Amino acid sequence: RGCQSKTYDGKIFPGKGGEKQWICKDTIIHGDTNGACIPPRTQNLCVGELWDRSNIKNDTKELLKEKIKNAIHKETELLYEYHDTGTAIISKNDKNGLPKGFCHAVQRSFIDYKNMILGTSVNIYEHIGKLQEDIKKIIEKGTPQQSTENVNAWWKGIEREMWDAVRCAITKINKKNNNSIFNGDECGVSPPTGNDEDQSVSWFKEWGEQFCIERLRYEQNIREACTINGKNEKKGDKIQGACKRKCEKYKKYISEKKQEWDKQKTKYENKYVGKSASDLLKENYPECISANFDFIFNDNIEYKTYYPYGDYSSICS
């Protein structure tokens, strides 16, 4: 049942809206994994074979494995379409001849599958949930007794194969264009690892890439509306028409993103002592280089007065 074209950042043209939004949950004690804000992509994860209610209550680990593989293959195929058509927010920016943001999206969904199966899934997500309980039962009955350790070992034992589903799907795309010859290793010869394993970090990094890309889109729109003629617009007396409109859209945007930033920044910096949320985003995404997060999301009252449009207050005046 299902696993259709993605819609998490809006439907693919001629499709209208249907976009999903980041869902932030109050993070209590976090000793193992978690994650503060759930990505729209994660909410659109192709589960189908696994769930819709669990559909693996009485399956064997071998059949569980084939379903996971099928889900991963389809997810990769669907994400390719979503970024290729330039519908995903992170694909809009610029563009092997892989669509912009596609590899990052696939890596993130792979990590989401891993965490959903290991039971170490950040915020107990509605659709999945009880799915993890049945996984543990299937594994416990299907493997030699030495419970969370057995599921972990099982995943490690099949991880290479699951990643090959991604590589295989990438090569299967070689039925479309001859602009590039995909060998399947474009998104990495091995699955994501390191800090990317921690779903909390993966989600925050995704939030940051999207945020920075949208910020640049607002900047371009602002520049086109506030800087023609020779220089001025709404410098003069106050902010005029088109320039004010674009600047106001940005102010509104930052206002909405502030809550998401605070929660993720706090969770990340408290778990990774010494490391800064700003560095994490700037070291990973080119789009975040020009973003001064501390300035953009400053809580001072003097800030909203002196800089009504945040970091773009000078272009907006």
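Shifts are known only where both forms have a C-alpha. Numbering follows the first chain given and starts at 1. We call the rigid core whatever largest set of C-alpha positions still superposes within 1.5 Å between the two forms. What changes on going to the form deposited in another entry:
After superposition on the rigid core, the single residue among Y125, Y218, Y80, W163 whose C-alpha moves by 2 Å or more between these two forms is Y125.
Relative to the superposed core, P39 shifts its CA atom by less than 2 Å between these two forms. When two forms of a protein are overlaid on their rigid core, residues whose CA moves 2 Å or more are considered shifted, and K271 is not one of them between these two forms.
Once both forms are fitted on their core, a CA shift of 2 Å or more is seen for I29 between these two forms. Residue ranges 27-35, 93-95, 122-127, 177-179, 233-235 are the runs of 3 or more whose C-alphas all shift by 2 angstroms or more between these two forms once the rigid core is superposed.
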Contents of the next structure:
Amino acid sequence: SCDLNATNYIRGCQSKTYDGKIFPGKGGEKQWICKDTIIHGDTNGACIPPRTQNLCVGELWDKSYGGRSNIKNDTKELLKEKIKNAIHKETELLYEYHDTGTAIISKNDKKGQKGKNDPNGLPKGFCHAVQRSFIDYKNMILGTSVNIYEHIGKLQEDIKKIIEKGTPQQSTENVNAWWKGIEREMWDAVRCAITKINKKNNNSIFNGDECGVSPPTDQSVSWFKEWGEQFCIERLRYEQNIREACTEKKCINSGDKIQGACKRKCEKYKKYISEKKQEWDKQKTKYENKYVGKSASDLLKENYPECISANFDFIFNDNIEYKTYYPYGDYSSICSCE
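Since the structure above is the form deposited in one PDB entry, I would like to see how the form deposited in another entry looks, so please show that one next.
The next block holds one chain only.
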């Protein structure tokens, strides 16, 4: 029982580009943004996902002529409608972005090959992305996200004002109650969008509950989990590349040293790791001194099967001997000779 046969498109939300444009388009990818002097919830700093930077705000924001809030004078009913439409559209666009295999977390270990559909017939990663975006909306509404966009900061605050004057007085705790009151309707927008996939996909039948009957399930934890799933999936793609170029054991006499395509694939991973290291450190440190006795390694491994083979301590090891003895981190043995 949805408006499945009621086409809707909204300005301000175009096809996703956060992990790069959809083929034949190229580049235009966003990167994780880690800030020092920011508070995410209760603690210092955070790393903002590419996907979060691409979030569909739909009719909540007017981008025309330098941007402005499109909800200044709205009732809470009109605001709820606008949020719901944005959530619906987000879900549609995330489907495209994962079904086309453009999202990093939708990819296979091997180039050109489609990532394996999840176990209900939806694109790899799609449900994870939809869940994350939903958490992102929730935190934007609650005013409990990150304050990186002055314009969104104005949205968190504009929403707050609409709720205050539109509900009986007892605030931010009222915004919490209002969110709780509409949460099912908002998830139902996700569920409706999934139902609309039947119109375009024939891998199963979709009832709308595939990404969960109920919404998920701490934004900083959600973001870090996303970072980890992305990292682990990318790592395995680096591994496949290394194995495709290095394994065949061509080692030119200098013992012997690695050479050609093998040396290049191995160096790309070394570079990747050194770039991811600062992100890991920030997020690990934030997670582990907030969640005392919990390991960041465990967080990722319990959640994503791609992380099982990652030794995070080894990969991001800052010890002295690790640099010289393992020039390519955990992949130094495939990136060696004989």
